[PDB]
Amino acid sequence: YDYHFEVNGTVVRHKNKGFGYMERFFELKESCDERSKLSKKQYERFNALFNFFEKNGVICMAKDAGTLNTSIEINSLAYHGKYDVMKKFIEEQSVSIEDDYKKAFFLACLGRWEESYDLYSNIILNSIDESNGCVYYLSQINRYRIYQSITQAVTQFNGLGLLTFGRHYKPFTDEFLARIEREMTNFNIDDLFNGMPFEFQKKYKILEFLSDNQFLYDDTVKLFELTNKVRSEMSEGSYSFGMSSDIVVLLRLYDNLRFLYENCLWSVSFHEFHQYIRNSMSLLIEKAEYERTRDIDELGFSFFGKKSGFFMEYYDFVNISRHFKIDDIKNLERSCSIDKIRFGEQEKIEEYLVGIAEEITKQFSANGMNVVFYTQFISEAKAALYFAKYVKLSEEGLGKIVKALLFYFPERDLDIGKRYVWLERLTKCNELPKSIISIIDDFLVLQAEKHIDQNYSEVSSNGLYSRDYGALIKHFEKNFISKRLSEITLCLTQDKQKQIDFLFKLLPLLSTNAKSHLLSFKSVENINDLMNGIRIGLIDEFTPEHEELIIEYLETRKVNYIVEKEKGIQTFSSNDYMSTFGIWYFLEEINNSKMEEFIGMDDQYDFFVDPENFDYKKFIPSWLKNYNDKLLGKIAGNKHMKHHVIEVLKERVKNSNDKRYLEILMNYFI
Amino acid sequence: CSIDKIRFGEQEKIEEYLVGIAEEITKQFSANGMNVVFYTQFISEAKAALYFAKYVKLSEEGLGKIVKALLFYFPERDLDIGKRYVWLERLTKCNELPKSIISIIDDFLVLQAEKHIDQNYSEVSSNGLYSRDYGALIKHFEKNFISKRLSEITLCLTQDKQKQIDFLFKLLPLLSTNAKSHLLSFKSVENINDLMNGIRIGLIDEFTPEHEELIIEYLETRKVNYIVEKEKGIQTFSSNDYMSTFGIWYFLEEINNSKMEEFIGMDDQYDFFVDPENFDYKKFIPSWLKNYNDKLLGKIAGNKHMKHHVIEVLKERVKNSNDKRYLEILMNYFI
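Which chain is which? The protein sequence lines are D and C, in order. The opening residue of the first sequence carries number 336 in the deposited numbering; numbering runs sequentially from there. The opening residue of the second sequence carries number 671 in the deposited numbering; numbering runs sequentially from there.
One or more hints might be untrue.
As the list claims (entries may be wrong) - Simulated pairs of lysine-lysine, DSS-like, Cα-Cα distance not exceeding 27 Å: (1) C/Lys994 - D/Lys675; (2) C/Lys717 - D/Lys641; (3) C/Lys724 - D/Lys994; (4) C/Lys985 - D/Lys974; (5) D/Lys994 - C/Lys989; (6) D/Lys564 - C/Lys675; (7) D/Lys977 - C/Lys717; (8) D/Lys994 - C/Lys675; (9) D/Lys564 - C/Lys717; (10) D/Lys989 - C/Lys952; (11) C/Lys994 - D/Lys642; (12) D/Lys642 - C/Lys989; (13) D/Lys985 - C/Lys724; (14) D/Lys977 - C/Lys989.
To be verified - Counterexamples of contact, computed for chain D against chain C with all Cβ distances above 10 Å: (15) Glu369; (16) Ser371; (17) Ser411; (18) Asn467; (19) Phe507; (20) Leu551; (21) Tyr709; (22) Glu766; (23) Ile772; (24) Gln782; (25) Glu812; (26) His852; (27) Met866.
Hints in this document: simulated from the structure, not taken from any laboratory. A virtual CB, placed ideally from N, CA and C, is assigned to each residue, including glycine.
Using the sequences provided together with the hints, build the complete structure.
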């Protein structure tokens, strides 16, 4: 406790009433004349210290305070996702025990935990020379955190991991758990630092914090204090002023990532460390929304135009891609406008996104699925391709990304509906060239080659099916036709049942001889195809067979929920057809005057049909996020709906962090 | 969060903790023994407990002890007069101000009317809230209120005592009819600054048409002076003039002279309220809505002569700049 060593590189003295020795050391640094007044045996020791503080980024004190720059370098292969380079490092003869400690970390990052548990164990038996407990102590910790990772894996593999993994996997044999359970029983992680020689203690005191949560505590308290200071500064007008709250948050985050990855500590894979980076980055992105919107005069234009959390680099993309979940990112997409946040280093990011797509192919196409690695890696692969919306990628890099997100991605963790959500996000900073549409068209002819049996369906959670992949094609290029889809339409018969419905949903993609031959084979006979007909652009003016069947479905609904309420069941907006009927009646697409008797089936349907009768207490505010441009124009034209739903928007502007509700209010309703 | 949407229970024994805060204040400033070590940590608890008592329901008998410790016995180095009003107003959210507390707030205005026999005492505030606001707090919860001890001080008044002139005039609607009759007899009007210094600051409310005849005479000669200032190059006059007070009292019908439109365009701000139809909105800076009070923003809610213009000119900063207080104007006193 003789000095504060702040995160910028400066030194402020505290609890030092004696002599000031770090005062002397930087007077010896920048003055070569006072140098060589030393001895000879104490001069080769000086070249170690100048190399040491240059690595750790310690600069002169607060008196001679130079302008320090915000830079970071993590020279760790596991941080950058160099998966092939680690496999060529593991399949190589090790020289030292310091190279054994890195392979046991590189196996553990590759999900090869049964080998890393063994490889950490060989370090423990070979680290006998007392050169330093630094190898022996940090391997006891990393092994016990592997065993904690195995034990919570076999609880979620032989336990919950049957219906969510596809089978009852046993990636760890019973002979393995019969070995690792008795070895790690009677092993106290609190007794590891205290049972360790006195040469290790008071020479490695900073490593005692790795046995429990107190290596995160000094940064957790600072993160909670500076969050309230930023949220007070975001409301009181003050920007980032000098050494502000943003750079202190960023540099502590970078020191934690660089201590843990360079020293190969397996604490990188905690939940509590993934929570620290998540709350450290979500504060900096929230402060970045406030520094981009510029209000005050020229004092702040020089203060921070866009730096210290206001600009994004390669190291910031990787932290969000690895340490967030998707609902974590889905928070910030409406609290912040990340599309307005400039992402730099967009060529180093492109090497990261290609390496992930080229490590799904080497994991899900060939044999050896490696289900242990599949648990850890699939979150990072999901969040990287979800957050790849805002980077600008070249054509040779996007082709490996789309061809993995479509084909090689596993269906257990990403269904067919959560592929369209992320293929569409790759059209924000990109268009669809002729090389990416050809990959999507390679995927539609693969599913069409699997729709022979009627038993195969498309389990979609978002309601978005394999027809929307071709709808994303026809959004950009209207003049496109499909080759192999016009060849599969030659075989039309009653043999394969699922070829009937799937080829109908891709009608503008077909050719002239493909569309006419399909209409000669079949026609429309259900309103389910009518909902499919609007999405393919089939029928503009509905024939009165449809308007009969629109209210016929409503009449069967009037049969349905009356006898279903006696049994307690309900089909409220199951397939959203009657809700889509509600928009159709509201946009005056149906000229029937018989739906006044159908009022009283669903709350969404009662909103569109009789807004004077529908009490607006039952209105759900999320419905306004799902209405297009033309629908909100008619709501701006009404008087019955107009001056009442603003009170719903008035309680969502000042109580929800969703910035969409402000946009629906100011652009349409006022 | 929204702490008003949090229900508090055990209010029968939250009150007993808030009374015990009020007694330890009283046992340390009605008494001269101030243990300063205990003062360091107890006042931060006593400050926060009275601050966070906005969200409890108190009694009438238990609220008498809390208000007396807040107004009289709280130390001034921790609560100045600006902050005492911030917290007395917080105690009147869930507890509508009863007559036993209207007595105590009246006791506080008398006890500062007797602290200005010196001419050298100033209420060192920090929030821009002063003794006048406590009088507004009584008038808010009881309009038909006449303070028959502030009346019995402001009548016994002489022109030598100047500090209580600028103190009891700010507490004007609480005084009696005989008490206001004597009090107005010590201040009159001399020059064109004196026609509005005691009104635009003190609200003497001399709303006579002979008074406004000299006001429209001043801006007419200023319009003649504006022609002279236009020949000099700078057509704008002094910014310390009442250029905003021109039309705010005109649109709210405190100036009822018909010759106001003949002197249109004094320097910059005159043409807004006297003529919104023939008004150039490109010269209108919409940052002026900060300097408007609640009622003028409520007054322009029924202003159909600029209703197409005031909505868009407010959005031009709200949709672009990060103005958290301009957004509140669109929410409240607009639409």
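Checked hints:
A hinted pair counts as satisfied when its Cα atoms are at most 27 Å apart, and C/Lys994 with D/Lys675 qualifies at roughly 20 Å. Among the hinted pairs, C/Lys717 with D/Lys641 is inconsistent with the structure: their alpha-carbon atoms are about 40 Å apart, more than 27 Å. A distance of roughly 31 Å separates the Cα atoms of C/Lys724 and D/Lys994; the hinted pair therefore is violated under the 27 Å criterion. Between C/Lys985 and D/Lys974 the CA atoms are separated by roughly 22 Å; this keeps the pair inside 27 Å, and the hint holds.
A C-alpha spacing of about 12 Å is found between D/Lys994 and C/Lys989, which places the hinted pair at or below 27 Å, so the restraint holds. Restraint check for D/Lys564 and C/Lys675: the C-alpha separation of about 24 Å stays at or below 27 Å, so the hint holds. Note on D/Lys977 and C/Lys717: the hinted pairing is violated, with a Cα-Cα distance of about 46 Å set against a maximum of 27 Å. The suggested pairing of D/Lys994 with C/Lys675 holds, with an alpha-carbon distance near 23 Å, which does not exceed 27 Å.
Of the supplied pair hints, the one linking D/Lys564 and C/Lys717 holds, its CA atoms being roughly 21 Å apart against a limit of 27 Å. A C-alpha spacing of about 31 Å is found between D/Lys989 and C/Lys952, which places the hinted pair above 27 Å, so the restraint is violated. With a C-alpha separation of about 23 Å, the suggested pair C/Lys994 and D/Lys642 falls inside the 27 Å cut-off, and the hint holds. Taking the CA atoms of D/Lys642 and C/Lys989, the gap is near 24 Å; set against the 27 Å cutoff, the hint holds.
About 25 Å separates the Cα atoms of D/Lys985 and C/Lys724, which keeps this hinted pair within 27 Å; it holds. Taking the CA atoms of D/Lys977 and C/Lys989, the gap is about 21 Å. The hint holds against a cut of 27 Å. With a closest Cβ-Cβ approach of about 48 Å to chain C, D/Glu369 is found to remain outside the 10 Å limit, as its non-interface label requires. With a cut of 10 Å on Cβ distances, D/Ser371 stays outside the contact zone with chain C, its closest approach being about 55 Å.
Every CB of chain C lies more than 10 Å from the CB of D/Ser411, the least distance being 38 Å, so the non-interface label holds. For D/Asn467, the requirement that its beta carbon stay farther than 10 Å from each beta carbon of chain C is met, with the minimum near 47 Å. In this structure D/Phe507 is separated from chain C by more than 10 Å, as the shortest Cβ-Cβ distance comes to about 46 Å. Every Cβ of chain C is farther than 10 Å from the Cβ of D/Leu551; the closest lies at roughly 26 Å, confirming the non-interface assignment.
Non-interface status of D/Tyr709 relative to chain C is upheld: no Cβ of that chain comes within 10 Å, the nearest being about 40 Å off. Every CB of chain C is more than 10 Å from the CB of D/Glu766 (nearest about 29 Å), matching its label as outside the interface. Every C-beta of chain C lies more than 10 Å from that of D/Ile772, the closest at about 37 Å, which supports listing it as non-interface. Distance check on D/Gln782: its Cβ is at least 44 Å (rounded) from any Cβ of chain C, clearing the 10 Å threshold; non-interface status holds.
Remark: the non-interface label on D/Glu812 is consistent with the geometry, its nearest Cβ contact in chain C lying 34 Å away (cut-off 10 Å). Consistency note on D/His852: stated as away from chain C, and its beta-carbon is indeed over 10 Å from all of that chain's, at 53 Å minimum. Against the 10 Å criterion, D/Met866 stays outside the reach of chain C, whose nearest CB is about 37 Å from its own CB.
Hint violations for this structure: numbers 2, 3, 7 and 10, all remaining hints satisfied.
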